[PDB]
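Student: Each chain is listed here by its residues.
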Amino acid sequence: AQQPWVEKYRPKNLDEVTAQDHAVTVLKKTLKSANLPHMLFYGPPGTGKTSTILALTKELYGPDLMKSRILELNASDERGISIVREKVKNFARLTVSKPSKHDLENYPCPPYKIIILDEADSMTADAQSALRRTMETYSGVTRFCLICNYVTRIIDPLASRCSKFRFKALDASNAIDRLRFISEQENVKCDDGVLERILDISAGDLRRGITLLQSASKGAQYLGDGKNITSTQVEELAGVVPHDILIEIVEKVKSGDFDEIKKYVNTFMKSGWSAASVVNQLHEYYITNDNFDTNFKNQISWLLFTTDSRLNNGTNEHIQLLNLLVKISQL
Amino acid sequence: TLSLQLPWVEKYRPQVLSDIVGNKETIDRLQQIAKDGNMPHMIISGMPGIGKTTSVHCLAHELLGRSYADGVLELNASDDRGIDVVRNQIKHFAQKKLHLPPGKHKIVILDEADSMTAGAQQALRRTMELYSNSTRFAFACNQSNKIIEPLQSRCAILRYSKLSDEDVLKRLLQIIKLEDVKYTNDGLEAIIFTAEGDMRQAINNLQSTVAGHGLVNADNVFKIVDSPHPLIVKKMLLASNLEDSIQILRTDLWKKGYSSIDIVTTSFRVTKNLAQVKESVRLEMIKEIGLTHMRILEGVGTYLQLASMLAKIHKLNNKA
Amino acid sequence: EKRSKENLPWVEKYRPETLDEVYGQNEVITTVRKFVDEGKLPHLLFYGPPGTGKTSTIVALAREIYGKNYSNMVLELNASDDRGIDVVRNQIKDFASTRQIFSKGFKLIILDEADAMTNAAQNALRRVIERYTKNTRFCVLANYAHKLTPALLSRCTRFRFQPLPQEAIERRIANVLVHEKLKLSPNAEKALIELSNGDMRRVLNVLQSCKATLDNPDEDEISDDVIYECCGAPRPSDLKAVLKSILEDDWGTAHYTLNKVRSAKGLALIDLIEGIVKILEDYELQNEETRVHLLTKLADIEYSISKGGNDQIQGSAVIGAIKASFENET
Amino acid sequence: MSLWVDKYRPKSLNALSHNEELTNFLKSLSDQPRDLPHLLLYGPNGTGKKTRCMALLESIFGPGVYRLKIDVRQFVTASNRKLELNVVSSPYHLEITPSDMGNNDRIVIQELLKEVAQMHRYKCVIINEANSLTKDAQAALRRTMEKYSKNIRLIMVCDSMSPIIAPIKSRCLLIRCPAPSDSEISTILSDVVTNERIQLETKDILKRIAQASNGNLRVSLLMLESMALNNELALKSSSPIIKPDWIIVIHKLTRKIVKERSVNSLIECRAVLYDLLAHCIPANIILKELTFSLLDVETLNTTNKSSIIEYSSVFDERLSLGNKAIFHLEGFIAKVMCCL
Amino acid sequence: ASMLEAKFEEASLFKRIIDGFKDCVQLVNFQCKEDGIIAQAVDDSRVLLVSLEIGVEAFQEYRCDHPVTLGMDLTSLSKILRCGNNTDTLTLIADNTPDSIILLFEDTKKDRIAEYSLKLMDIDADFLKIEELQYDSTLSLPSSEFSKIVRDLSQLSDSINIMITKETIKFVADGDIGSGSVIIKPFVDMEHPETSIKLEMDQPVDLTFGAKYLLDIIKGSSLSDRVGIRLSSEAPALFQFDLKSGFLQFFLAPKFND
Amino acid sequence: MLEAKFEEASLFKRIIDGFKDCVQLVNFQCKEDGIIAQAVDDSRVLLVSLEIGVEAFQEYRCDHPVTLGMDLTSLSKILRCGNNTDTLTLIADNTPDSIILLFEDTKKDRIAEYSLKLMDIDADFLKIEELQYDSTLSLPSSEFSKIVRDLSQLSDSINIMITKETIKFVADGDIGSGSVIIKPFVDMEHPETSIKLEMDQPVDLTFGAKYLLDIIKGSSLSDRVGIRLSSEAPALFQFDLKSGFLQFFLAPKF
DNA sequence: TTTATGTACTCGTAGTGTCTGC
DNA sequence: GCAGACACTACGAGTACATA
Ligand SMILES: Nc1ncnc2c1ncn2[C@@H]1O[C@H](COP(=O)(O)OP(=O)(O)OP(O)(O)=S)[C@@H](O)[C@H]1O
Ligand SMILES: Nc1ncnc2c1ncn2[C@@H]1O[C@H](COP(=O)(O)OP(=O)(O)OP(O)(O)=S)[C@@H](O)[C@H]1O
Ligand SMILES: Nc1ncnc2c1ncn2[C@@H]1O[C@H](COP(=O)(O)OP(=O)(O)OP(O)(O)=S)[C@@H](O)[C@H]1O
Ligand SMILES: Nc1ncnc2c1ncn2[C@@H]1O[C@H](COP(=O)(O)OP(=O)(O)O)[C@@H](O)[C@H]1O
Ligand SMILES: [Mg+2]
Ligand SMILES: [Mg+2]
Ligand SMILES: [Mg+2]
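Protein chains in written order, with PDB author numbering: chain D, 23 to 353; chain B, 4 to 323; chain C, 6 to 335; chain E, 1 to 119, 133 to 353; chain F, -1 to 256; chain H, 1 to 254.
Incorrect hints may have been included.
[Claimed, not checked] Far from chain C by the CB rule (all over 12 angstroms, computed), these chain B residues:
#1 11
#2 13
#3 68
#4 76
#5 82
#6 124
#7 129
#8 153
#9 158
#10 168
#11 179
#12 211
#13 217
#14 249
[Said to hold, decoys possible] Facing chain C, from chain F, some residues (calculated, C-beta under 7 angstroms):
#15 44
#16 45
#17 53
#18 191
#19 202
#20 253
#21 254
Simulated from the structure, these hints should not be mistaken for lab results.
Positions of the beta carbon are idealized from the N, C-alpha and C atoms, including for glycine.
Let's have the full structure, built from the sequences with the hints guiding it.
Tutor: Quick look at the structure:
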C-alpha cells in the first residue's frame, strides 16, 4: 500500500503478534470468557503493546463497536488531574453501548468498555491517585488498560490493581519469523545472516528492524542490480560504526598519550557517529575479549555504565566520549 | 445501629481554669485576667494537643457565664473565613450593642488562625484598632509565624509549652479516679512515653487500651499502639555496625508495612533534629538522605534504595 | 455492574463482605469487633501497604454496623471525588450535623485515600471532627502517613495494617481454588507467596492469569513452570546458577551464562537483579565495605534501569559490580 | 542577500556533490514517495542538514518548496501569558521550530500537528533544532506522529540527538550526516571565490579557513565573508585568523583561570560568565568550549587534564539536569581552579 | 416498536418535575414499570431524599413491557427539557437494554419535530423503600405561603426551627443579624379552598432544618399549589407535592440538637 | 455636512445591539445613497456588513462621503440614553473629529445634545465576492434562534444539512445528540411565519457554536432571516431592514 | 523579564429569573 | 400584558502559596 512497512505490517488479530506468548495466550483465553482484568502493559519500545491492545479491541468488538466502546487517551491530549476527574469518570459511569444484531451474531461482545491510557507513566501522581478509586469502583462496567514503558513512574496502588503483562524484548530468536515473513511477502533478497544482524542491531525494537529492512530494500531498488543485501549495507544504514574505526579507537586508548586521544576524538565527533552505538561497541569489544584480566573488565564495566547513564540524560556526546576514553586509557 | 459512648477527650474536657494543668505562670495569668475582667487581645500558640483552645473556651465561659451565647463569636477554618465574610460578620459583631457587665467585654475567638488569608488579617488589623473598648480578639494557632506582624503588635503574645510527664501523669490519675479502671504503673509509663507530651494522644491511647483489653498494662498498650517511627528511625541512624542498621530496618520498618516515603521523610526529620553528632556529619547525612528521597519520589521505591542510603550513611560514619 | 458476577476480575470478585473473611489482620479485626460490640467506636485511622485489606475492612465494618443499605448511610469521599475545602465546609459539615434519614444510629464518614487532600482541607476537617464527634465518627484510610497534618493524626486512633503473612494468603488461595474448582501444587503455592510481597491483589491477578494460561481449566494443575512463565519471573534455580557463575567462573563464561539465562525465557534484568539482592542478603560477609559497595552500586544500577537505557551494558555492570564487591576478600 | 552563505545554497540533490553515499541514499528515498518513513537527520552542526532536507523535499514534492511564507499564529497558555510564534509555512510542507519559551512548547507543537494533520498526498513537517524539545513535548509528539501517517510525515532535524527520547528514535528512520572534510570545505570555498571576485594568490588561506572552521561550512563562509570585506577583497597569505568575540572572551577566561587561582579571579570569572550568558550562548556549548580550551593549554599536566575532563562531564550532566545554567558553570570553574 | 412509549400532554409538565429537584439532586434513576415512572435518589451529602411517582393518568399513552432502569444526569436532562416549547408534545422512547432514550418534540401546528437523545448512566443504587408511615403532625398549607416564609427566613439564619402546637404553627429562624418568628394559625377559606391551611396535631414536634435544603424543597412550589408537611420526631419530614396522577415527596433529615 | 435625522432612535439602537459582539471597531463609510459598513472579527472568520438606505430616514443629506471610525460601546451608552418619541439627529461637520447625536423630542421640555470623538481605525478591505449560493432558505428568526441556542447547548459544532426540502440541524456532543428537521411549511393567514427552501444542490456545512450564537443578536432587526449556503463559499445570514439589510458572512468550518 | 500544576480566593462580569407598574 | 429593575447564582480571570 501507500504506507511504511511498519504501519502496513501491523498485526491485525492476536495471532500475528510474534513472541509475547504469555500475554497473547492469556488475552485469547480471556476472549472466550468475560473476566478481562485491568491490564498494565509494559516493556521496551517496539515490543508490541499498542499492536496487542488494538488487536484485542478488534477481536472483542469488531470495527463497528470500536468507536463506541473504546476510549483512548495519549499524551496528544492533556491528562492532568481535572480531565481524569471529569472525562474519565463520566465515560466510566456511562452504560455500555447497545450491540447490533450482526455484532451479536459474529463477535463475542463483552458487557464492558475498555479505557486505554497510552503513556500512563507521563501522568502526575495526583492524576493516578484520582484514577485509583474510579478504577476500583466502576470496574463492573468498564476496564482500564494502562500502557507505559516505565513501571516505576506508576504509583504502587495502580500497580497493585492492574494486572501486569511484561512485554519481552524481541531478539534474533523470538522475532526472526516475523522478519522472514515480511521479507518473503515484500520480495526482498538477503543473505542468510542479514536478518539476524538486523535483529541484533535493534534492542527489542522490531519496529526499528522493519525500518532498517525497508531502507535496505529501497536502496536495493534504487541500485536496481538485483543483488541480495549484504550485512555491510545494513550495518552502514543502521549507523553501526565500522570495526576498523573501533580497532583504531582501541589502539589509541591502549597507547595513552592523552593529546592524541583528544585529537582522534575530535575527528571522530566530526565523523558524526552517535555516542550510544560507540559505547555499545566498546562494551561488546572489551567485555567479550579474552586479552584482558578480571580487574580491567571490573573497572571498565562500571566506566561504560557510568558513561551510558550520563548519556541517557542528554548531555554533550563529545565530552562524555572523551572522558570515557580517557578513563579507559588510564586503566 | 448501636449507640456510642462520649469519648474521654470531651467527656472530661475541663470547664474551669483550675482544671487545666500545664504552664503554671500562663494559667495563673489567665486566672488573674478572669478575676480582673480587662482581657487584652491574645495570641495563644503551641504544639497540638497541649490545651490551647480549651483554655480559651474556659476563660470565655468564666468571663461571660450569662452572655456566652450572645457576646462570644466562634469562627474557625470550617467557616468561610474570607474577606467578605470576615468584614461583614466581624463588623456586625463588633458594633452590636450588648450591655455586658462593667469588667466584661465581647470576645471574638478565632480557632486555628494560622490558615487564615492575608487580606482577612489586614482587615482584622483595622477592626481591632477601631473596636477595642467593646470587643477583644483571641487567636489560637499552632504556629504564630503565619499571623502577620501588626496583629502580633496589637495583641499580647502568650505561648504554651509541651507538658512535662508529671502533669500528664497527674491528669491521667485524675481521670482514672473519675472512672474505675485497673491499671499498671508500667502501662501508664508506656502511655506517657507514647504520648510525648500530647495529652489528647495520651487520653486516646488510654481509652483505646481500656476498650480493647480492660487492663492498662505495658503489653496491652504496646499492642494497641506501636512504637513511634521517629524513635526506631533514630535508633537505626545512630547505630553503627551497618548490618545492625540493615536488620533493624528490615525487621521494624519493612515487614511492619511502613512506606519507603515515610521512612525517608522520618529519617530526614530525625537527622535534622539530631543533636548527638556534630554539624558536618548531620549536613552530609541530610545530603545523602535527600539524594535517596529524590530517587524515591522519582518512582524507584524499593528496599534496596533504603539499604543503599544506610550504607552511604555508614560509610560516612566510619570516615571512609 | 453488569451481567452479575463471574464477569469480574478475581481482584474484586473475591472481596470481603464480612469481618470474618478478612484474613491476615487479626489484632486490628478483633479490636474493631470489640469496639463495635462494646459500643465505643473512636475515630479510626487505617494505615498500611496496598492490598492489605484496609478499605475492605472498613466496608465490611460499615456493612456490619448498618446493614445491607450501608451505601447511602455513609459518606465515602474518594480522591476521585472532589475533596476541596468547599466540600469539607459544606458536605461533610451538613452530613455530620443532620440526623440519620434511615435509622437512629450514628453517622460514619469514610475518607478513603485521605492522604491526597490539601492541608487547608485537613485543617478545616479537624474542627469538624472535634465538634460533631458526639454522634458522628470519622474513618481515615491513608497509604502514606507523612501527607497528613499532625493534628489530624492526633485526633484519630492509629491502626496499622501489617503485610499479609503466609497463612492468610494460603487460606485465601485455598478458598479461591475451592470456588473455582482449580488445582494447585505446593511448590506453586510457595512461589505465589514469594511473588505476593504482602499484596493479595498480586496473588489474585497471578492466579487468574495462570488459570487463563492453562489450556484445560479442569483435569490440570499449576506447577512452578506455569507460575513463572505467566508472571515472567526468574526461577530460583536460574538465579542461583547466575549468581554461582558470577561469583566463581571468569568473565566470559559468566557473561555467556547470564545472556543465555536472559534469552531462554526473556527474563527482565530488574527481576534478576532483585533476586540476586535477595539471595545475597542471606550471605555472610566478613568485610563491611563489601556490603556498602554492593548496596551502592546495585542501587545505582536499578536507578539507571528505571531511567532506561541499554540492557547489555547494565548487565555487564551488574556482573562487574558483584565481582568487584566480592573481590575484596568477601 | 548580501551574505554569501545563504544565496550560495544548492537547490536540488544533483547540485549536492558533498557526499555521494548520502546523496544516493536520499535519491533512493525519493524514488518512491508513496512509502516514505519518518526521517531524523542527525550529525554535527552546520554541515547542511537543512539543505539536504530541502533538496529531498524538492526531489519528492517538486518545485516551489522554497516559496516560504511567514504566517503568524496565536496561542493560549496558562493565566494571561500569551505567546506569539510565527510558523514558516510553505506549499507542500511546513516548518516549525521551538523558538517559543522552553517550558511551554507542548501545546504549540500539539495543535500545529493536529491542525495540519486534518488537511504528494501527505504534507511534510520539518522540526528544526529538535534536540531542544522538552521531554514531555516529545512524548506528546510520539502518538501524534504514530496515529496520523497517511496525512503527515515528519522530517526531524537535530544535532547531538542524545536528548531525544527512545520511542522517538525508535519510530524515526535515522540518517547520519558527517561533517565536511578539509578537501570539501576547500573545494566549496574555491567555488565561492571563483564565482565572486577576491584577489587570492595562494590556496593555503582556504585550507587555513577549513582548519579554523572545524568542519563548519556556515562558520567557514562567515569567516570568508568577514575577512574578505576586511581585506578589501584581496586575501593575503599571512592574513590573521578572525574569531568570534565569544571565542575570544572564552579564551581570555581560560588564560585568566590558568595564570591565576584566586577568589578575586573567581568573582571576575563570575562577572564574565554572567555577561556571556546574557549574550545568548547556550551553557552547554560554553562549558564544552571552556573545557576544550583548558585542555589545550600545554602548561597543564595530564592528571589535571583528566580531573578537568571528569568534572566537565559531571557538570555537563548537571547542566542537562539544571535550569539556572550559571551555578553549574561557576561550580565547574571553582572545581577546576581547586584542581589547578 | 420501542418497548417504552410514554407520551406527555403539555410537555411543560415533565420540565416542571425535572426542575423540581434538578438543583438538589445531580444523579437519579427511573424505575419505569407498568404502573408508572417512579424515581428515587439521595443527594451527595446524604441529607435529602427525593421520591417520585408518575401514574398512568398523566400520560396520554403509556406502555412499558418490562421494568426499565434509566440512571441519568439531571443537568443534561434538564438542558434537554429546556430545548423545546410548552406547546410541543414530549415522548420518551427507549428500546430493549437501553443505552439512551429518544425525546421527541412534535406539534401539529407546525411540523418542526426535534429528536433529542440523552445518554444513560449506571448509577447502580439499589436504595430501599420508605419505611416511615406514622407521623405526629400532618399539616397542609399553600405552596406560595410556605415558599415565601422559607425565603424570608433563610436570609436571617441557616437553621429554620419549625414548631407545632395546638392549632399554632411557628417558624423560628434566630440568626446573627437578628431573629424571626412567623406564627400562622389554621383557618378554612370558604371563598378560596386552595388557600386554606389545615392542621392535625397528635404529639408536639420541635425540629430544625437546614436553610439551603429547605430552599431546595420550596424550589418545587411551582409544581403544585399546595404542600403537605408531615412532621414527626425521630423521623424525616415529608414535603409532598401532589400531581395529577402521582406525587413528588421529599424526605429531609432534621439537624441534631445538643 | 451629514444630517441623518431618524424618526425613531430605536432603529439605530437595535442595529447596534445587533452588532455589539461580532465586532467592536467599525468604519462608517457613509454615502449619498445611505450608510454601508464592512467589519471583520478578531478571529478573521466572521464578516458583518450593514446597509441602511435613505428610504428609512425621515431626512438625509450626505454630499461628501466620509469614513467615520467610531466606537460601539459609546454608541451603546448614548443610545441607551435614547428612548421612544425622540427623533435622533445624526449631525457631522465638514471635518468631524467629533460627532453630534441630537435627541429631539416632540415637546420642548428636554432636548439633549451629545458628542463623541472619532478614533483612527484603518479602512477595511472591501471584498465584493458574491459567489452564487447552492441552497436558499428563509425561516422566522425566532425559530432559527431557538434552534441554534438549543443545539449549541448540547455541543459546540452544529451541522446544517439540506436535502429533499428537509433542513436537518444536527449537533452531536458529549451529553447526547440533537436532531431537528423542518418541513417547507407555508402559511396563508400569517405569511410572515413560513419556511421556504430553494434546494438547487444538497450541501452539508458545519459551523462553530460561538459564531452561530453571536449572529443571533441581530434577530431584533428582522422577523425573518434568510440563509443561503454554498459548499465552499461562506454562508450568508441576511436580516431584512425597512430600507436595506444587514448580513453575516461565516465560512464553513469542516 | 523565573520558575509551572493545582488549589483557594477575590473580583467584576454577563445572564437569569422574579416583582412593579405604565 | 410588556418592559423594565432588581437581586441572584454562575462563569471567567488574576493573584498567591506550595513543611511543618
Ligand atoms: N510482537 C510483534 N509481532 C509483530 N509485529 C510486531 C510485534 N511487536 C512490534 N511489532 C511491529 O512494530 C510495529 C508496531 O509497534 P508498536 O505496537 O507500537 O510497539 P509499542 O509497544 O507501541 O512501542 P511504543 O508504544 O512505541 S513505546 C509494527 O510494525 C509491528 O509489525
Ligand atoms: N492542661 C490540660 N489539662 C487537662 N486536660 C488537658 C490539658 N491540655 C489538654 N487537655 C486535654 O486535651 C483535650 C483538649 O485539647 P485541645 O485544647 O483541643 O488541643 P489544642 O490545644 O486545641 O491543639 P490543636 O491545635 O487544636 S490539635 C481534652 O481532652 C483535654 O482534657
Ligand atoms: N485480609 C484480606 N483478606 C482477604 N482478601 C483480602 C485481604 N486484604 C486484601 N484482600 C483482597 O485484596 C483486594 C483489594 O484490597 P482492598 O482492601 O480493596 O484495597 P486495600 O487493601 O485497602 O489497598 P489500597 O491502599 O486501598 S489500594 C480485595 O478485594 C480482596 O480480594
Ligand atoms: N553540496 C554543497 N555544496 C555547496 N555548499 C553546501 C553544500 N551542502 C551544504 N552547503 C552549504 O551549507 C550551508 C547551509 O548549512 P545549514 O543547512 O544551515 O546547516 P545546518 O542544517 O546544520 O544548520 C549553505 O550555505 C551551503 O553553502
Ligand atoms: Mg504504544
Ligand atoms: Mg484547637
Ligand atoms: Mg482502599
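Student: Now, for every hint given, state plainly whether the structure supports it.
Tutor: How the hints compare with the structure:
1. With 12 angstroms as the threshold on Cβ separation, the claim that residue 11(B) sits away from chain C is violated: the shortest Cβ distance comes to roughly 10 angstroms.
2. Its beta-carbon lying about 7 angstroms from the closest one in chain C, residue 13(B) breaks the requirement of being farther than 12 angstroms from that chain.
3. Consistency note on residue 68(B): stated as away from chain C, and its beta-carbon is indeed over 12 angstroms from all of that chain's, at 22 angstroms minimum.
4. Look at residue 76(B): its CB is around 15 angstroms from the nearest CB on chain C, clear of 12 angstroms, so calling it non-interface holds up.
5. Remark: the non-interface label on residue 82(B) conflicts with the geometry, its nearest Cβ contact in chain C lying 7 angstroms away (cut-off 12 angstroms).
6. Residue 124(B), annotated as away from the interface, keeps every beta carbon of chain C farther than 12 angstroms; the closest lies near 16 angstroms.
7. Non-interface call for residue 129(B) relative to chain C: holds, since the shortest CB-CB distance, roughly 25 angstroms, exceeds 12 angstroms.
8. For residue 153(B), the non-interface assignment is confirmed: its Cβ lies about 23 angstroms from the closest Cβ of chain C, beyond the 12 angstroms cut-off.
9. For residue 158(B), the condition that its CB be more than 12 angstroms from all CB atoms of chain C holds, with the nearest at approximately 21 angstroms.
10. At the 12 angstroms boundary, the C-beta of residue 168(B) stays outside the reach of chain C, the nearest C-beta of that chain being 18 angstroms off.
11. With a cut of 12 angstroms on Cβ distances, residue 179(B) stays outside the contact zone with chain C, its closest approach being about 17 angstroms.
12. A Cβ of chain C approaches the Cβ of residue 211(B) within 12 angstroms, the least distance being about 5 angstroms, so the stated non-interface status is violated.
13. Against chain C, the non-interface label of residue 217(B) is violated: not every CB pair exceeds 12 angstroms, the least being about 10 angstroms.
14. With a closest Cβ-Cβ approach of about 8 angstroms to chain C, residue 249(B) is found to fall inside the 12 angstroms limit, against its non-interface label.
15. At its closest, the beta carbon of residue 44(F) sits 6 angstroms from a beta carbon of chain C; the interface hint therefore holds under the 7 angstroms criterion.
16. Hint status for residue 45(F): holds, given a least beta-carbon distance of 5 angstroms to chain C, under 7 angstroms.
17. Interface restraint check: residue 53(F) against chain C, minimum CB-CB distance 26 angstroms, threshold 7 angstroms, status violated.
18. Residue-level restraint check for residue 191(F) is violated (minimum Cβ-Cβ distance to chain C is 33 angstroms; threshold 7 angstroms).
19. A least Cβ separation of about 18 angstroms between residue 202(F) and chain C goes past the 7 angstroms threshold, and the interface hint is therefore violated.
20. Given the 7 angstroms rule on beta carbons, the hint for residue 253(F) holds: about 5 angstroms separates it from the nearest Cβ of chain C.
21. With a least beta-carbon distance of about 6 angstroms to chain C, the hint placing residue 254(F) at the interface is held under the 7 angstroms criterion.
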